[PDB]
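Not every chain is included here, but those present sit where they belong.
As written, the chains take the letters A and B, and residue 1 is the first residue of each chain.
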């Protein structure tokens, strides 16, 4: 799993983008997983208008047309492009 | 009174939805009032559609809601 919990939002998101791109290239040129599991934590709200990691990640995934589902609370399975 | 997301890009729509849910929740718990946020997703695009995006967001974050009339969601705070 890519563990993003507890990070500043902009650094969590940078890692997410970087890693989704790496994993997608690995998926296409090699074998392996068609998904990436991501640990976000369970926090649901922004705080002072600033996304907690879960909303930041999920907003990003929805906005960028990613299919995803929950493996267990705080952990998502994200389908690669 | 009503958050109107109809016509926004999905990213901005979810950004407003998040911020307003936080704000309306903080308010409802400190001083009460209406127990819900009315969200207008549309008035009638595939992955560009606001309503499915907003639904996915709500369910992913354990928000309860009802869709009373089409394109209008009542989100429990």
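Just so it is clear, a residue touches a chain if its C-beta (ideal position, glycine included) is under 8 Å from a C-beta of that chain, and two chains touch if they have at least 3 such contacts.
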A student told that 2 identical chains are shown should find the copy number of the whole complex to be 4
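By our rule, only the chains that are shown with their structure count from here on.
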Nearest whole angstrom, what separates the Cα centre of chain A from the Cα centre of chain B?
22
Across the complex, what residues on chain A touch chain B?
44-47, 49, 51, 54-55, 58-59, 62-63, 65, 70
List the residues on chain B that touch chain A in their complex, please.
9-11, 14-15, 18-19, 21-23, 25, 47, 53, 56-57, 60-63
